[PDB]
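With chain A held as given, fit chains B, C and D with the ligands onto it using these hints.
Protein chains: 4
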Amino acid sequence: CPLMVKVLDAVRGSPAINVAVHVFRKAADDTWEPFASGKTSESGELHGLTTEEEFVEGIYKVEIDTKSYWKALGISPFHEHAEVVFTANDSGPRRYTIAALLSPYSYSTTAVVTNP
Amino acid sequence: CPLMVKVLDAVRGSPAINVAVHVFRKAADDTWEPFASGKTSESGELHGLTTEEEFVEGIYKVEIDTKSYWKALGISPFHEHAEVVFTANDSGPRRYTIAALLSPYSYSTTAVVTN
Amino acid sequence: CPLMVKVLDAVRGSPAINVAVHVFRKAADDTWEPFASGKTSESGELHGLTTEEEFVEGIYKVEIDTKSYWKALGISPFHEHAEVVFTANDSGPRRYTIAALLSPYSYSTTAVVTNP
Amino acid sequence: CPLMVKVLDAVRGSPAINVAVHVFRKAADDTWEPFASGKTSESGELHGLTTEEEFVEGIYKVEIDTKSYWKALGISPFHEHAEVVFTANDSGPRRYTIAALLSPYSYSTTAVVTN
Ligand SMILES: C=CC(=O)Nc1cccc(/C=C/c2cc(C)c(O)c(C)c2)c1
Ligand SMILES: C=CC(=O)Nc1cccc(/C=C/c2cc(C)c(O)c(C)c2)c1
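Residue numbers (full-length UniProt numbering), protein chains in the order written: chain A, 30 to 145; chain B, 30 to 144; chain C, 30 to 145; chain D, 30 to 144.
Only chain A is shown next, with the shape it has when bound in the complex:
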């Protein structure tokens, strides 16, 4: 998959399961168009969002719905979501892993970008 999302829970020491993720792409008119969405698995991973054909150059936003996640575990968290915004594929196709590590009042995010 050219775009994968991995989410971990820093309170539990576990994958963050059933986390909703929405991906948008910036359009020519500067609006954020819905691009793909899904939920993390029991491993904290979300694959199958897009294809190399569909995943063209652009500015992408990966919105991780952390508030909804924490509001199931009895924690009232600080953030509404964690948003990751980046230019993709502008030197040709790459594979992207967007990883996030969640706490109620904090998160960490990183990217792993590989050239197939």
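Keep in mind that the hints were calculated from the coordinates and are not lab data. Worth double-checking, as some hints may not be accurate.
Part of the chain C face toward chain A, derived, beta carbon under 7 Å [said to hold, decoys possible]:
{"hint": "1", "residue": "39"}
{"hint": "2", "residue": "40"}
{"hint": "3", "residue": "126"}
{"hint": "4", "residue": "130"}
{"hint": "5", "residue": "140"}
{"hint": "6", "residue": "142"}
Don't be surprised by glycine CBs; every beta carbon is placed ideally from N, CA and C.
Chains B, C and D with the ligands alone, transformed into the frame defined by chain A:
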């Protein structure tokens, strides 16, 4: 003030100086309206964004222009910016510090909310 | 594997490859005994450190040699290493992933603990 | 002072208060000798650890007793402590802040080194 932003650089081990920061408040129509902005100081801090009177409950977005920061240092970064979106709630503590720790391909953010 | 180590590079947006890792276990006399060691692969991962038989209860230290890593890439880093110290297997066998995300003056570490 | 420690809590969004911190200096025989210690303040900070005269170049270890912190809050943590080991170098800036951001199964640490 009731809102402060602190930005640190994980590559150089220092404050992130002269970083542009824009704060937006979510309007009734679900658009982001400009609220406050500035550039971080030599200590990586931006104070004076708002007052207690203006900083009412609501959803706020703090956008940190990380891409320009890295580019000015001659380093190629991943993100367009770092986004921190949160609800201000009067039931909680009264002073909010949004802190961010920057790397070219990663960032960490936390909130320190005190009375 | 009951003990895995994953290391990422926050400057490059890549796995951190060829990172030396030394694992110690606290002995009855309170000294740190060498337990296992290895290097991260091209995926940033180190598997094969131990077996479920060998990986008994104890206090373990996972030392990630971050300074040696950064001193190959032309960065003089801040830390000597990143050390992760934890009690393992004290409610029976678990599988542990120790993950670290490295920058020259900072690191993040987390654990993912699963019950097979 | 030349050495400060700041500790934050990522679960509660606040300073980590009353956390024990021990600082060690590496001796010639490769053992860790006690150097300074204290407990973080209400602002999560520990100042007054050393002076410029005593804080010579060398390898130092800052051990943060995270396990006791979490246990006092009734939360089960992963780590025994958080360790930060570094070399003090006179060629670099003169003031070192060791910051740590704590969660039960994770921590982040950074160094802010300034003049
Ligand atoms: C409210 C004051 C305040 O936070 N002061 C201060 C001084 C030094 C560091 C910091 C914040 C540090 C920080 C440190 C780490 C390791 C992080 O991952 C993040 C997101 C932030 C704050
Ligand atoms: C149980 C195996 C497992 O979690 N493997 C795995 C695979 C890929 C990434 C990771 C961890 C990523 C990560 C991501 C961030 C933002 C971090 O601050 C830290 C410390 C780690 C772990």
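The hints, checked one at a time:
Annotation: residue 39 of chain C was flagged as interfacial toward chain A, and the flag holds, the nearest CB pair being 6 Å apart, inside 7 Å. The beta carbon of residue 40 of chain C is not positioned within 7 Å of any beta carbon in chain A (closest approach about 11 Å), and the interface hint is therefore violated. A distance limit of 7 Å between C-beta atoms decides the matter here; for residue 126 of chain C the minimum to chain A is near 9 Å, and the interface restraint is violated. Look at residue 130 of chain C: its Cβ gets to within about 6 Å of chain A, closer than 7 Å, so that hint holds up.
Interface hint status for residue 140 of chain C: upheld, as the beta-carbon distance to the closest one in chain A is roughly 5 Å, under 7 Å. This hint holds: residue 142 of chain C has a C-beta 5 Å from the nearest C-beta of chain A, less than the 7 Å allowed.
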